[PDB]
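K.L.:
Here are the chains, one letter per residue:
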Amino acid sequence: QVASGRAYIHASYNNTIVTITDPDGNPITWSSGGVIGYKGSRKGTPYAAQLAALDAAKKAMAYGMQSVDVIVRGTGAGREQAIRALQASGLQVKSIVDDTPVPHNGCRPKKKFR
Amino acid sequence: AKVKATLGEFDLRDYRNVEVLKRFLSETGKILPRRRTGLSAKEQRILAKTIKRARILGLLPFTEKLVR
Amino acid sequence: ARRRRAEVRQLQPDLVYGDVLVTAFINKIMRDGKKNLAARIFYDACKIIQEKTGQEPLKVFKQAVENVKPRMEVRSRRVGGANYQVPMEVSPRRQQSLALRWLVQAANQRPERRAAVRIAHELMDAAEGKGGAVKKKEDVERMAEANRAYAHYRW
RNA sequence: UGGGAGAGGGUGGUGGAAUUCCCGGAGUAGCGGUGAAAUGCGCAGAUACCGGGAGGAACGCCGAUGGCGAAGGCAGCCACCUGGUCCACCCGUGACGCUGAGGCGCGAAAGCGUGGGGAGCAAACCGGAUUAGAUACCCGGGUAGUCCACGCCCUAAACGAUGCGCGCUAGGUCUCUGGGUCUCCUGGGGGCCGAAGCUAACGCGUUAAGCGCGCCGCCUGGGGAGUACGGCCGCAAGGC
Ligand SMILES: [Mg+2]
Ligand SMILES: [Mg+2]
Ligand SMILES: [Mg+2]
Ligand SMILES: [Mg+2]
Ligand SMILES: [Mg+2]
Ligand SMILES: [Mg+2]
Ligand SMILES: [Mg+2]
Ligand SMILES: [Mg+2]
Ligand SMILES: [Mg+2]
Ligand SMILES: [Mg+2]
Ligand SMILES: [Mg+2]
Ligand SMILES: [Mg+2]
Ligand SMILES: [Mg+2]
Ligand SMILES: [Mg+2]
Ligand SMILES: [Mg+2]
Ligand SMILES: [Mg+2]
Ligand SMILES: [Mg+2]
Ligand SMILES: [Mg+2]
Ligand SMILES: [Mg+2]
Ligand SMILES: [Mg+2]
Ligand SMILES: [Mg+2]
Ligand SMILES: [Mg+2]
Ligand SMILES: [Mg+2]
Ligand SMILES: [Mg+2]
Ligand SMILES: [Mg+2]
Ligand SMILES: [Mg+2]
Ligand SMILES: [Mg+2]
Ligand SMILES: [Mg+2]
Ligand SMILES: [Mg+2]
Ligand SMILES: [Mg+2]
Ligand SMILES: [Mg+2]
Ligand SMILES: [Mg+2]
Ligand SMILES: [Mg+2]
Ligand SMILES: [Mg+2]
Ligand SMILES: [Mg+2]
Ligand SMILES: [Mg+2]
Ligand SMILES: [Mg+2]
Ligand SMILES: [Mg+2]
Ligand SMILES: [Mg+2]
Ligand SMILES: [Mg+2]
Ligand SMILES: [Mg+2]
Ligand SMILES: [Mg+2]
Ligand SMILES: [Mg+2]
Ligand SMILES: [Mg+2]
Ligand SMILES: [Mg+2]
Ligand SMILES: [Mg+2]
Ligand SMILES: [Mg+2]
Numbered sequence: 013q014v015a016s017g018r019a020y021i022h023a024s025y026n027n028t029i030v031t032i033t034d035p036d037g038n039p040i041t042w043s044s045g046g047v048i049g050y051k052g053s054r055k056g057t058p059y060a061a062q063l064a065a066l067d068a069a070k071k072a073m074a075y076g077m078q079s080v081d082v083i084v085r086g087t088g089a090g091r092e093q094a095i096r097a098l099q100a101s102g103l104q105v106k107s108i109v110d111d112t113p114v115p116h117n118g119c120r121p122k123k124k125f126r
Numbered sequence: 020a021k022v023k024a025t026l027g028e029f030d031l032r033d034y035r036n037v038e039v040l041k042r043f044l045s046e047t048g049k050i051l052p053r054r055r056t057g058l059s060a061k062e063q064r065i066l067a068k069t070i071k072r073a074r075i076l077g078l079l080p081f082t083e084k085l086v087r
Numbered sequence: 002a003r004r005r006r007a008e009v010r011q012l013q014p015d016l017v018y019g020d021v022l023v024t025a026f027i028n029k030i031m032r033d034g035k036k037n038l039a040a041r042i043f044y045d046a047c048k049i050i051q052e053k054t055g056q057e058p059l060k061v062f063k064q065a066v067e068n069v070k071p072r073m074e075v076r077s078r079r080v081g082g083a084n085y086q087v088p089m090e091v092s093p094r095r096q097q098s099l100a101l102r103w104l105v106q107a108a109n110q111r112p113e114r115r116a117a118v119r120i121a122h123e124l125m126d127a128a129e130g131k132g133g134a135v136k137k138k139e140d141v142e143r144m145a146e147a148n149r150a151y152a153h154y155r156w
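Here the protein sequences line up with chains 1k, 1r and 1g, keeping their order.
The entry's author numbering applies: residue 13 is where the first sequence begins, and numbers increase by one.
The entry's author numbering applies: residue 20 is where the second sequence begins, and numbers increase by one.
The entry's author numbering applies: residue 2 is where the third sequence begins, and numbers increase by one.
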């Protein structure tokens, strides 16, 4: 059981996934739009993400989670709402940092990304 | 809030002056535009070129995470 | 329509209860512009909801109404290529209209033979939480709940 | 002679971000994708998360309406080798100039030969959808190729659809880079609006499409046709 930990948000246009880890970085539990119960396009919605971060927080609290640090990746439309859900969840939110991977003109993207 | 103003006489070509240079980077690590640095056309290139040099030398970051 | 928001018509209060809300319920009963016939049936119901339950019809009626008001409804809006059932709050003006219409429609589903009786019986079960009108309200309420994910599509 | 600016070119090194694969930890019911789905991937442990390793390719912020080059074109960083060019001084040569049929070189992308390399992407091809059909558009895959060396090909909306040099014909403003005394003046580039004048109009206008001289290239109704025949070039595709 861990009091302080990490909160990772992978939120894309198609879905939002939330994983709660220990301060070492080992996941303790995770959730997503599918885990809450949605399918198809509904997974990408803000409301889906809200439920996701919660179920991610609820399970986390049950293992002794109190404090978290929120790490954000992805520019989805359900992003900020995930952040809202974690604060109003009963978790500490000691910090919130966006760490979306951006290349320095690395690999050529797919056709739809040019 | 132009950075060029808030400093005295300083060398643009000086890649080991980490304390001067660190002021020219954004909180996210990116090199700041002229509209923020107050440098002229010619000065910007000298600045940019030496900032990159320093990054290789470990004195300056290539990127830094965005805290809220 | 397009130009400006139209004005809401205030009904001439009923002569038995001096109530603007009762007048509305009357008019929805009115077929073919025969109001007097609609007046009896409703007032007859006031008689019936007194006998089979010893208390104020106006209290029966009004409380029954509140139990039929939907707080959330779903309004269709085909965004993209699919028809989305967007959840929407209901303005009190519409909450009234939908409760009354359903209340009378739920009445006309019942098997009892006289109109006077049905209106009574539905208004009887409505304040007590039952009846087809309340069935429809709960339905429309869960539908808006079910589609809570389309909260961001609201107008 | 002295000075400057720049992704000009070539060789060798080298730095971080990211994608992919692989190893370990931890973790569980889905992930992915779309207009919505499905194919696909996942309890044989995926996604998401942390640590490590491997490999290729492109260099984010700076970055610009910017700079450089004859054009094609050129962008992380360092060093070496190297071209063009501008300014100031007004020292040297004494018309040594301009253009240029042939010739010669250079020439994006795709393409070809031999040998490397191969992460991402992606013709062809396979699958899932859509559809009346969908040999497409969208989605899951995916081989050439994209990368390097050497040698071929020599095409284009290779465009400013504007050949090069030179003299003369108001200015106003933004910008890059030099020199003065630096208010500003004076050069050389990059745009915008405009005197005169041009033009069929649109628009051009000291970066002329204005007014003039020199030289080269080219046009002469549409299609047939950049086809045929011949010739020259090419491994072929094909080019002239
Ligand atoms: Mg999705
Ligand atoms: Mg120095
Ligand atoms: Mg009904
Ligand atoms: Mg010299
Ligand atoms: Mg593993
Ligand atoms: Mg990792
Ligand atoms: Mg840029
Ligand atoms: Mg002299
Ligand atoms: Mg002499
Ligand atoms: Mg010549
Ligand atoms: Mg020739
Ligand atoms: Mg070529
Ligand atoms: Mg090529
Ligand atoms: Mg080949
Ligand atoms: Mg080859
Ligand atoms: Mg062969
Ligand atoms: Mg090969
Ligand atoms: Mg491959
Ligand atoms: Mg197919
Ligand atoms: Mg089919
Ligand atoms: Mg067929
Ligand atoms: Mg595809
Ligand atoms: Mg692919
Ligand atoms: Mg082949
Ligand atoms: Mg081959
Ligand atoms: Mg072939
Ligand atoms: Mg071109
Ligand atoms: Mg062009
Ligand atoms: Mg030109
Ligand atoms: Mg031509
Ligand atoms: Mg023409
Ligand atoms: Mg010529
Ligand atoms: Mg000067
Ligand atoms: Mg000029
Ligand atoms: Mg003009
Ligand atoms: Mg005129
Ligand atoms: Mg003329
Ligand atoms: Mg005209
Ligand atoms: Mg001018
Ligand atoms: Mg010029
Ligand atoms: Mg003309
Ligand atoms: Mg003819
Ligand atoms: Mg002809
Ligand atoms: Mg031919
Ligand atoms: Mg041809
Ligand atoms: Mg022939
Ligand atoms: Mg030709």
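Quick caveat, the hints were computed from the structure, so don't treat them as lab data.
Just so it is clear, CB atoms sit at the ideal spot from N, CA and C, and this is done for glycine as well.
Worth double-checking, as some hints may not be accurate.
If you want the ones that stay clear, here's a sample from chain 1r, every Cβ over 12 Å from chain 1k, calculated [to be verified]:
#1 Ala24
#2 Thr25
#3 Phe29
#4 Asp33
#5 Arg64
#6 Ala67
#7 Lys68
#8 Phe81
#9 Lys84
#10 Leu85
#11 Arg87
With a Cα cut of at most 27 Å, we get these calculated BS3-like pairs of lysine-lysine [what the hints assert, rightly or not]:
#12 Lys71 (chain 1r) / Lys106 (chain 1k)
#13 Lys84 (chain 1r) / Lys61 (chain 1r)
#14 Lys71 (chain 1r) / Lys84 (chain 1r)
#15 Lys68 (chain 1r) / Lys23 (chain 1r)
#16 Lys60 (chain 1g) / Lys29 (chain 1g)
#17 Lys106 (chain 1k) / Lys49 (chain 1r)
K.L.:
Now look at each hint and say whether the structure bears it out.
P.N.:
So, going through the hints one by one against the coordinates:
| no. | hint | in the structure |
| --- | --- | --- |
| 1 | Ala24 | 30 Å, holds |
| 2 | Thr25 | 27 Å, holds |
| 3 | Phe29 | 28 Å, holds |
| 4 | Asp33 | 25 Å, holds |
| 5 | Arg64 | 19 Å, holds |
| 6 | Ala67 | 15 Å, holds |
| 7 | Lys68 | 17 Å, holds |
| 8 | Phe81 | 8 Å, violated |
| 9 | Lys84 | 5 Å, violated |
| 10 | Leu85 | 5 Å, violated |
| 11 | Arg87 | 4 Å, violated |
| 12 | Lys71 (chain 1r) / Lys106 (chain 1k) | 33 Å, violated |
| 13 | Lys84 (chain 1r) / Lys61 (chain 1r) | 30 Å, violated |
| 14 | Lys71 (chain 1r) / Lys84 (chain 1r) | 18 Å, holds |
| 15 | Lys68 (chain 1r) / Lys23 (chain 1r) | 17 Å, holds |
| 16 | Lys60 (chain 1g) / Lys29 (chain 1g) | 20 Å, holds |
| 17 | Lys106 (chain 1k) / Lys49 (chain 1r) | 25 Å, holds |
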